[PDB]
Amino acid sequence: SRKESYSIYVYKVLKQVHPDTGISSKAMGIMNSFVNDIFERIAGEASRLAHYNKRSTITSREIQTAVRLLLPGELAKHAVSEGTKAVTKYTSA
Amino acid sequence: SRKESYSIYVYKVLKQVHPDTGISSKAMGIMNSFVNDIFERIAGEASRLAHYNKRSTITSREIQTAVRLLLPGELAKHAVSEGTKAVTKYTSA
Amino acid sequence: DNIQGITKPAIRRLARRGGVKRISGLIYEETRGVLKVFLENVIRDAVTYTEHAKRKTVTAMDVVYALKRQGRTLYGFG
Amino acid sequence: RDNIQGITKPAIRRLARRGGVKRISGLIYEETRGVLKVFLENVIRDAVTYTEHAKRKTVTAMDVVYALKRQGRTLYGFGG
Amino acid sequence: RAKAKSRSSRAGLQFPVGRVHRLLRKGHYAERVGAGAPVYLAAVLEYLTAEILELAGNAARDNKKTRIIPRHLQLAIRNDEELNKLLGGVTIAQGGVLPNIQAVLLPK
Amino acid sequence: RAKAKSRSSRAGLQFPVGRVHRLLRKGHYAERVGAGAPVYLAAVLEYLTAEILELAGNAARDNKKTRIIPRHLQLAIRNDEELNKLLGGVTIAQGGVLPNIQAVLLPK
Amino acid sequence: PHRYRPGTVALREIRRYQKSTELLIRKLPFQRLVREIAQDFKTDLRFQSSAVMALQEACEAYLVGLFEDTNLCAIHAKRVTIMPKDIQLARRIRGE
Amino acid sequence: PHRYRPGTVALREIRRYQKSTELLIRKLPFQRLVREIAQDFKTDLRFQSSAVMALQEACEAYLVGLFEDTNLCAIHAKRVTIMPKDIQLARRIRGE
DNA sequence: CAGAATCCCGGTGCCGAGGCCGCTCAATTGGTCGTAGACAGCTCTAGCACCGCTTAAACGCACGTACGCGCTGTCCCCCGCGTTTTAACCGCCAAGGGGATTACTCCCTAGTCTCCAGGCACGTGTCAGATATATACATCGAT
DNA sequence: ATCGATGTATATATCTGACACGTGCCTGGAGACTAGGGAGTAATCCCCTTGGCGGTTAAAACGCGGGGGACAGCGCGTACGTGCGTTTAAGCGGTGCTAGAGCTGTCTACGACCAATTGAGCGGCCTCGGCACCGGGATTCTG
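Protein chains in written order, with UniProt numbering: chain A, 33 to 125; chain B, 33 to 125; chain C, 25 to 102; chain D, 24 to 103; chain E, 12 to 119; chain F, 12 to 119; chain G, 39 to 134; chain H, 39 to 134.
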């Protein structure tokens with residue numbers, strides 16, 4: 033069997049934020065749990081938002097609303113700009 | 033347009049427990065929301081149990097385990113007893 | 025400034041239902057602030073659900089869902 | 024059995040010191056032992072329930088993580 | 012083509028097994044739903060309903076009333092140690108509180 | 012046949028858009044998933060990951076170390092008034108506690 | 039003349055309000071407050087008649103429980119008068 | 039001989055244990071307690087090496103948090119010594 | 001202000017983190033096609049505004065008593081230090097119960113079509129509960 | 001011992017609109033058959049859990065001296081409760097307007113399902129320098 037993980041992507045981000053710093057295996061296990069936690073929380077609220085409106089499809093509006101409901105004010109304020117920029121560049125490509 | 037509620041079945045039960053008592057519409061509304069709440073709790077936990085074991089189907093084993101996790105010690109024993117009685121009567125009909 | 029509409033007698037009645045026998049003179053201004061902070065967190069969520077649906081009328085279900093998300097399930101309003 | 028007595032007085036003092044308690048009354052020890060036993064019983068009942076549903080005989084760390092998650096407290100570092 | 016008869020009549024239940032089966036399939040909980048799941052869940056919901064109604068009906072007689080109202084449901088739930096644990100976070104409209112005064116506050 | 016280019020490279024992200032889209036389909040959250048959902052979710056997860064790692068690295072530098080350890084993650088989360096609100100119910104193994112003593116307890 | 043001693047009327051009011059179930063806040067002043075708070079999020083909003091009733095029921099149910107908790111932490115200090123620090127302690131231990 | 043006044047060492051211990059990170063309960067006694075409690079639910083159970091460590095981390099975090107809440111309840115009564123009623127009050131307000 | 005506790009600096013040395021290689025199965029490109037949902041138009045429910053009136057409730061004042069607070073005394077139970085002892089921790093050796101995987105095949109659930117009866121709006125009417133009046137009898141405070 | 005002024009509750013009669021029941025009908029549950037892949041069974045590998053021995057110092061258990069903290073009692077002075085007279089605006093009953101929630105119809109842009117291709121990232125291996133431990137010196141803070 034083969035197990036997937038986010039370790040390589042977390043390391044790429046670390047190398048972008050602090051090139052000289054390293055990370056221990058235990059810290060990597062914590063980060064790998066934090067990512068799955070927030071993923072399940074956002075996907076859960078996006079699913080509830082779809083059923084309350086009788087829609088059959090999840091879209092970027094469901095993700096944006098779930099983000100505004102879950103994260104605090106300043107974090108939500110920045111995360112919404114990051115997601116909008118990413119989707120705009122992807123569609124323009 | 034056409035709504036859907038359990039008021040018929042709640043009234044049928046009431047006339048079996050107390051054939052001399054009636055129920056107001058305001059109390060019927062609370063009784064109607066109570067069933068929807070517990071239904072959603074049990075179906076939720078049964079889905080998680082199925083996902084953890086990597087199974088595609090929901091069976092009476094998931095319902096029984098969800099009931100044993102959600103209901104207190106005395107309610108659980110009776111609920112499990114009559115759930116198994118109902119299933120046995122259905123399968124033997 | 026409508027917070028002054030929550031009068032001292034009403035606060036005393038609420039304290040009586042809670043079993044309080046004697047009340048200090050500074051409890052009123054503390055209670056007004058506590059209620060003002062509580063209402064905002066529910067209204068912000070209700071308005072968020074209203075806007076997602078593109079409606080202009082706030083509806084009872086929006087409030088029911090806003091309260092349930094905080095762990096305060098309310099039975100009676102559908 | 025006597026195994027509850029294994030949570031000695033010094034261990035309780037060290038825990039209270041981490042929480043900032045400066046002076047401790049002599050009756051706190053039996054109260055702390057009673058408070059701890061019900062917590063262990065509640066978590067272990069759920070863990071064994073998950074173990075039995077899987078038909079396993081060994082209790083794994085995931086059963087504990089899921090039990091704590093159900094009680095409303097999340098543990099990071101052991102899996103999930 | 013034999014004459015149709017309901018699954019609830021075969022199981023001996025008042026609640027609707029067919030509606031429950033439909034609601035499970037429409038919720039996307041899983042891709043497949045077995046035959047026994049709805050009969051078990053219907054029996055559980057019927058049990059909890061009958062227990063609540065029995066206690067509320069007893070509370071109605073203690074007040075010489077003949078019609079159940081939310082106050083009787085609140086008194087029925089808050090006076091039972093099992094139901095009160097299951098419904099600890101639920102708020103019931105028009106239910107009110109239970110009568111209780113601390114012994115320190117009563118007259119000397 | 013055109014040479015393949017990954018969706019993450021098109022969006023400019025580090026996280027895997029393909030894996031996120033797969034997970035969204037396998038979790039049964041809904042019967043249809045739009046093309047814009049995974050790019051938005053990946054961008055949000057990347058933002059929060061970098062936001063935490065920066066504070067953890069600063070804590071590691073203040074301690075004069077070069078490797079980040081769980082103590083530094085605990086110190087990072089508990090010193091930020093917004094991260095501590097999102098992660099209030101979470102306990103981190105080997106994280107310890109923040110130094111704090113009540114002023115009433117210190118000597119005159 | 040005739041006059042009751044301090045505290046007998048308070049106990050009679052306690053016994054009164056724990057038996058009844060009506061709402062205790064004035065409806066129209068509360069409605070104006072709800073209208074004033076919502077304006078900071080969106081303009082020209084409309085409210086269904088039942089939304090204000092759901093909000094009022096939730097607020098009163100919250101305040102009664104908070105006073106119930108505050109009275110116990112007042113008695114613990116061997117006092118009978120409730121004071122602001124009792125509310126602050128209850129809210130700190132509740133985590134809100 | 040030189041002797042420190044009462045309380046001087048307690049503050050030093052507080053600083054020491056707040057700055058450290060290791061576990062404080064003995065491993066073997068706790069492991070035997072865990073295996074004893076489980077025997078009431080199912081016989082001949084087996085445990086992984088990591089399940090006991092997960093349970094120990096959870097129990098120590100719970101107890102440290104409860105002592106943190108209890109110390110505020112002690113100061114509210116103007117005392118320094120913590121007593122059982124402080125624990126009972128904290129647990130009652132937390133709703134445990 | 002003597003001296004006990006914490007920190008830091010120079011030297012030793014090891015095993016955990018950073019980097020390489022092989023390779024296979026999960027992601028991309030290209031095509032078809034079915035239906036989910038975006039837009040336009042209409043109906044008519046119920047949210048908003050204004051008026052007059054009665055009187056329930058909120059407001060402002062006086063007064064006096066019961067409570068909150070600060071001070072003093074005393075006695076006993078926590079803390080700090082020393083000696084003895086007991087069982088935790090480390091390291092090394094055995095063996096076998098149970099977890100994880102592969103291969104086969106059968107029986108359970110999903111899907112389509114017909115058809116017919118369960119239960120949802122609508123209308124009616126009669127009695128359970130709300131109210132006004134009279135009065136019984138229980139309690140609280142002073143003599 | 002009790003009086004007597006207030007308060008809560010009970011018993012009888014009148015009213016009204018909320019509840020229980022019957023009717024019409026339509027759309028969603030039940031009967032019958034087919035196809036196929038998910039779950040059940042049996043067999044094998046091997047890994048990690050349980051059990052034991054030896055031994056050495058870190059940690060727990062037991063005593064005792066004394067001092068500083070918890071607790072009870074007293075005085076005092078002012079904050080809150082009870083009761084009255086005044087005045088504000090909540091509640092109600094009625095009429096009218098129109099904004100916008102809910103629905104039907106048309107159709108076209110979106111996402112799901114197949115097949116062929118190959119390179120992204122997971123498992124096994126190597127190694128070297130970040131960290132930790134020992135010992136001695138410098139600084140702080142307390143009784």
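A couple of the hints might just be wrong.
Stated by the list, open to error - Straight-line Cα separation of at most 27 Å, DSS-like style, residue types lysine-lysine; simulated pairs: (1) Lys44(B) - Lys75(E); (2) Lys75(F) - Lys121(A); (3) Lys86(B) - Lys119(F); (4) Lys37(F) - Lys47(A); (5) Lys65(H) - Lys32(D).
Rather than coming from a laboratory, the hints here were simulated on the basis of the structure.
Exercise. Which earlier hints can't be squared with this structure?
Worked result: 2, 3, 4
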